[PDB]
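Novice: Model the full assembly from the supplied sequences, consistent with the hints where possible.
There are 2 protein chains.
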Amino acid sequence: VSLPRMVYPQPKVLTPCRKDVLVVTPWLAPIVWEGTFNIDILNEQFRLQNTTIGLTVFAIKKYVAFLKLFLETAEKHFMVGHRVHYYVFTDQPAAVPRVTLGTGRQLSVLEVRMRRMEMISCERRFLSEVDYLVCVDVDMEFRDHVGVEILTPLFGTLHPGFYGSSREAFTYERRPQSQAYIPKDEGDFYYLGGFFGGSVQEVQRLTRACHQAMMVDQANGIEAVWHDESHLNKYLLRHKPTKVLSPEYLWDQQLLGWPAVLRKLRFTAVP
Amino acid sequence: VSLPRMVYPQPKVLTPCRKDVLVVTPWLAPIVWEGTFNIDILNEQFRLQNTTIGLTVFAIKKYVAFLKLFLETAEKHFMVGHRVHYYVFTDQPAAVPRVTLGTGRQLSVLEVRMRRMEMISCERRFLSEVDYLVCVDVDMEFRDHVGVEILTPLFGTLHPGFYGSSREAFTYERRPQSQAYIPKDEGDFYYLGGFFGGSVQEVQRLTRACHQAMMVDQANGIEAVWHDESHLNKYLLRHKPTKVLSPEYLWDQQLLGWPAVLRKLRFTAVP
Ligand SMILES: O=c1ccn([C@@H]2O[C@H](COP(=O)(O)OP(=O)(O)O)[C@@H](O)[C@H]2O)c(=O)[nH]1
Ligand SMILES: O=c1ccn([C@@H]2O[C@H](COP(=O)(O)OP(=O)(O)O)[C@@H](O)[C@H]2O)c(=O)[nH]1
Ligand SMILES: OC[C@H]1O[C@@H](O)[C@H](O)[C@@H](O)[C@H]1O
Ligand SMILES: OC[C@H]1O[C@@H](O)[C@H](O)[C@@H](O)[C@H]1O
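From first to last, the protein sequence lines stand for chains A and B. If you count by the UniProt record's numbering, then the first sequence holds residues 64 to 176, 186 to 193, 196 to 345, one letter each, in order. If you count by the UniProt record's numbering, then the second sequence holds residues 64 to 176, 186 to 193, 196 to 345, one letter each, in order.
I should point out that these hints are in silico values taken from the structure, not numbers from a laboratory. Treat the hints with care, since some could be wrong.
Identical copies look the same in the list; a pair holds intra-copy or inter-copy alike.
Pairs of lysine-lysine residues, derived as BS3-like cross-links and limited to a Cα-Cα distance of at most 30 Å, are as follows [to be verified]:
{"hint": "1", "residue 1": "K131", "residue 2": "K258"}
{"hint": "2", "residue 1": "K82", "residue 2": "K338"}
{"hint": "3", "residue 1": "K75", "residue 2": "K338"}
{"hint": "4", "residue 1": "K124", "residue 2": "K139"}
{"hint": "5", "residue 1": "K139", "residue 2": "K125"}
{"hint": "6", "residue 1": "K75", "residue 2": "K131"}
{"hint": "7", "residue 1": "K258", "residue 2": "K75"}
{"hint": "8", "residue 1": "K131", "residue 2": "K338"}
Specialist: Structure, rendered in structure tokens:
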């Protein structure tokens, strides 16, 4: 379908949006920073396709206390104007708070008792209900826009403690006996376990692969240094994401401040 | 499928590849420039999928004289290592020169008598034979690498006489009675009629749409200022390409020199 007529500033080939940061990976995936995207054009494109986004959150034992702020801030900032289906995985269905949702948005509570990967790979339901899955930590809050600019077949998010580091400094799993093993001379980025996603197909592949690798490590008496994050990082090394989210998309202002290079802090740790 | 282990320089989030040029459109499509891509990673990715690329060229009447240099330079520079199927559309089958081709590459002569769009929309054959179609002018020669970095569902190429211009300066069709009409305040870029492409599906859509719009203009006694290029530009305005090729991909050194911003001249006009 054709975009309607729209009026917006012209891109200029000879003036970069951002000259301070890398905005495209070497396999030609956009790195999403403020100033790189016109949200109006993106909103039009995803709306024309009637895109539905699923958002998965786990809230088990004490973590149920984080849902109320998580959800209420999601209502302000996460895919507003688009269809959204929250999937809350919890051991305590009656501790899920009652959060008023905007039109076109709905919330399912799934009772459950490193196995987020496993639980995410609920497979037939997701395929019939949403186009994209976004998989985040619950101990977080949205503080600014997190929209359709993220959507793509496969994305991860650059780890805040790690974006300036040489790769030998990255906390990849370094022991060869782990399936998550990455040697010292390999690696593009350090991606966070707490904010990843993609098409339902690609996320099911990812979560399947990672769950299979963690089972293999288990049977071999090995647990990867950073658990499911370590396996994610090996997956994304071998299967390059089609977008990378900048640290704007997962930050901790208490621990890391608010540097100039981050024009927006969109989704952050809770105090 | 998983990429094998590979060793290559680390991307650095805090050091851009290119700070002199826009490398991502505002709808998050890569703009392909030298220094933005690691060809080794891209080659691995497209090879794992056994990608076949079709290259369509029209060589009608006197233009048959251009085929020999076109083809021989294509053999040196165009998708080398990948499977390639040249489709030469000509009124003179016996004037197609005999050009030795590398392994995994083949050439079909199609006899024919603004209607490139029409002829390109040969529909069932392309779908069964190639993954991507690239559609270029014949009066051209390859001088450097033109590879898989271009491939994507839909691409155009930024016009050399126009990449620094404000949009009101672009030679879009400006009369409202043409289907190719773009007003003064709209437009992202000026794309060349001579180098476009995409998945077979997306190119058939494009060529279909443009052929339909040119038929409508015909029945109304109108011909767009720059013919099929004008319609391409309207199409790509309303359906944004998923990559944009920089002017490295279509240049005229005689007329425009070799500016510093172009690190490579890959495909150029013939003297
Ligand atoms: O119900 C949960 C449990 C964990 N997490 C996230 O995953 C991280 C670590 O998981 P886990 O607690 O199992 O590791 P541990 O804290 O026990 O060492 C937490 O810090 C959170 O940011 C979450 O979102 N919901
Ligand atoms: O057999 C042909 C005829 C044209 N062209 C390309 O399309 C352009 C213009 O087409 P055409 O010649 O129909 O316009 P005209 O030159 O007659 O004004 C030429 O300059 C070429 O760059 C081509 O590749 N092959
Ligand atoms: O080195 C990787 C680790 O770095 C810590 O800052 C983070 O809190 C961990 O969850 C993990 O990402
Ligand atoms: O203004 C658009 C025109 O610009 C000319 O340089 C080019 O040779 C034409 O074919 C067309 O692109």
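Novice: For each hint, tell me whether it holds in the structure or not.
Specialist: Status of the hints after comparison with the structure:
1. In the homo-oligomer, the alpha carbons of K131 and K258 never lie at most 30 Å apart, since the shortest distance is 41 Å inside one protomer and 49 Å across protomers.
2. When the C-alpha separation of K82 and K338 is checked against a cutoff of 30 Å, the pair qualifies both within a copy, at 17 Å, and between copies, at 21 Å.
3. For the homomeric pair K75 and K338, the shortest alpha-carbon distances inside one copy (23 Å) and between copies (20 Å) are both at most 30 Å.
4. Taking the shortest Cα distances, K124 and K139 sit within 30 Å of each other inside one copy (26 Å), while across copies they are farther apart (63 Å).
5. Only within a single protomer do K139 and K125 lie at most 30 Å apart by alpha-carbon distance; the minimum there is 24 Å, versus 63 Å between protomers.
6. For the identical chains of this complex, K75 and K131 are neighbours neither inside a copy (43 Å) nor across copies (37 Å), given an alpha-carbon limit of 30 Å.
7. Taking the closest pair of Cα atoms, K258 and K75 come within 30 Å of each other only across two copies (16 Å); inside a single copy the shortest separation is 39 Å, beyond that limit.
8. In the homo-oligomer, the alpha carbons of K131 and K338 lie at most 30 Å apart inside one protomer (23 Å), although the nearest pairing across protomers, at 55 Å, exceeds that limit.
Figure legend: structure checked against the earlier numbered hints; hints not met, in rising order: 1, 6.
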